[PDB]
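Starting from the known structure of chain A, arrange chain A' with the ligands on it as the hints suggest.
The primary structure of each chain is shown beneath.
Number of protein chains: 2
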Amino acid sequence: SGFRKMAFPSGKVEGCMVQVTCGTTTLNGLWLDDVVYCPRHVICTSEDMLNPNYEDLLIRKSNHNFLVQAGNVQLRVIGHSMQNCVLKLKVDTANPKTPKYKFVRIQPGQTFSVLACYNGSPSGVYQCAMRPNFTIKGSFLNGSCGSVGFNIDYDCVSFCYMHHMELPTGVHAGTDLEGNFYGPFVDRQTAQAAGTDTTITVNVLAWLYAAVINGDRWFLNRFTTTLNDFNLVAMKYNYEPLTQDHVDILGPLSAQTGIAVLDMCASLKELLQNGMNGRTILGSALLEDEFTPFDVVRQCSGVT
Amino acid sequence: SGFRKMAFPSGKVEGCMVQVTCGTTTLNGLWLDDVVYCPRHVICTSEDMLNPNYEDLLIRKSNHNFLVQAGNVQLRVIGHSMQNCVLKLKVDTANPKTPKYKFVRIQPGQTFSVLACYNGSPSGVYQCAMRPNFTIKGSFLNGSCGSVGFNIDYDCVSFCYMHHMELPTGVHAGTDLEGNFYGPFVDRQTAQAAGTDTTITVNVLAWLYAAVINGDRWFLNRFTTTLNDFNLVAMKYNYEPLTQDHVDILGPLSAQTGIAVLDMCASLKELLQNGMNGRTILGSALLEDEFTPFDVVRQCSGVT
Ligand SMILES: Nc1ccc(S(=O)(=O)Nc2ccccn2)cc1
Ligand SMILES: Nc1ccc(S(=O)(=O)Nc2ccccn2)cc1
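Chains as they are written, first to last, in PDB author numbering: chain A, 1 to 304; chain A', 1 to 304. A prime marks a further copy of an entry chain.
Only chain A is shown next, with the shape it has when bound in the complex:
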């Protein structure tokens, strides 16, 4: 019993973190096989970041200008290429600690673990969600760029995020491991405003199921609703519209608890209209939306 915001064990990713320095800029890289992946803005001065031409800046860089350090050992750079917003540095040594891995581009509302790093050294691990506006709400100081987000399926690490930017509003933007930004963001120090940070409805419903499984039941009510009726309420409260795909995904949690998905929607509708009245659910005074239905099943079933 109990339900916690839980990250994946980080060891498999710790084994992949290195320091990348280009001139006076240091950040983190990800070493998988004989390639190190890092943000292309490693090549920028803070002055360059205001208006960078990355192809033109990169022409002034050679393999020997990229200093890659794995613990206290230097790696030899034998090639470099830019793919979208990431640099790929080819090194002469395969990472001996390379785990089984994939690169995946996640959808908004999907959760992942971040291993925050500075100078190639892990400092902490926490759980994030890709927000519906394609920002994340992380914890990143200067030097954290190139820290990665990931999920683990048994022994296979799926890398989904690399940290690139902090927006003027103090939320975070980055890329998949192909170097494509999530959302409309660019690796330039310019005005970039975020869209509406809507609540991830299917994740709130998952977390209410987690609450029932763990004995927090006060919010269960005598009502039901329809997807259309629920969605009028979601729209009013800046919640993502609920689709039949989301209802299907919540099927296992419905079956386990015996609470029909549309009944839990009616409980959520009442919570939106009435508030928490100073009560808590799983130690929260607000409706938590950074657990996916898969997260709730995993944590409630003890998957390793």
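Any given hint could be a false lead.
No copy is singled out in the list; a pair is fine if it fits within one copy or between any two copies.
Said to hold, decoys possible - List time: in silico DSBU-like cross-link candidates among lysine-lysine, alpha-carbon distance up to 35 Å:
| id | residue 1 | residue 2 |
| --- | --- | --- |
| 1 | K88 | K236 |
| 2 | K100 | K236 |
| 3 | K90 | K100 |
| 4 | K100 | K137 |
| 5 | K90 | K137 |
Calculated directly from the structure, the hints in this document are not laboratory data.
For chain A' with the ligands alone, kept in the frame of chain A given last:
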């Protein structure tokens, strides 16, 4: 910028987890040098747990009755001893992945990371606090016993917790790595009620400083207070009394922000008396108490 509930990177502890089986009971053990540490209730049937005589049960066990598996390799048990509520199994092989480590007994209000494990396999990592009633609020299913709590100082793991029990109220109890329970709890399936779960005042104050550093400032007010006046309010709201030792510990955060500790106490006093009025601080609708002053400094300074 941003502030997250952050766990320590778990790799150094993942390298220490093993499976311990005695008869039909399987749980987790911690392998450090040539010793495996696990809960002594590994020797109990569920029937035994109602009223166990551990010395008498242990007489019926030999070294060969303790099956220790490290990944898919069996370790040879060459001795066993009971120390308080933990078994120490001496094996013939030192763990090659043994990190620098210490055993520490933490004080209530101190935070630590838990690596939740099943069958010796890590499933997740999250951040806990030793509550003032000597419970923790974890996420532990059947098979999680012997999962450990720890802090890391650079390269040295300080182990502070091993999981033993779930109370009938669904909160958690365990031991330090000398096998001494935190609080009054025992490794028996009997009525054990928890005392008041008071709020860890010094940690709330730390988190309000974290909020100011990260730009959440709406709760700062025009008032100050005294320790005695603040403490009358703390008592009313089931908060731990604030001591001059706590004021001293918050000194660096006071200095960084320029907000005198007693001024932040007066902001906290108003929040207790007035509530949040539907507002949030660092994405929370309640006052968070599972960050220590050291946690806030570490996360805000990027210590690796
Ligand atoms: N929000 C935002 C998005 C893209 C860019 S740009 O660096 O592509 N530069 C551009 C884009 C359009 C017009 C002029 N410069 C800058 C800001
Ligand atoms: N809450 C609590 C604490 C200790 C015990 S005991 O297993 O030590 N057994 C005892 C203790 C006192 C009287 C009888 N049995 C049981 C319950």
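Hints and how they fare:
Proximity of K88 to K236 under the C-alpha cut-off of 35 Å is found in neither arrangement, the shortest distances being 45 Å within a copy and 59 Å between copies. Within a single copy, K100 and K236 get their C-alpha atoms no closer than 44 Å, and across copies no closer than 54 Å, so neither meets the 35 Å cut-off. Taking CA atoms no more than 35 Å apart as the test, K90 paired with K100 passes in both settings, with 19 Å inside one copy and 33 Å between copies. Taking CA atoms no more than 35 Å apart as the test, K100 paired with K137 passes in both settings, with 28 Å inside one copy and 33 Å between copies.
For a Cα distance limit of 35 Å, the shortest separation of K90 from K137 inside one copy, 31 Å, qualifies, whereas the shortest one across copies, 46 Å, does not.
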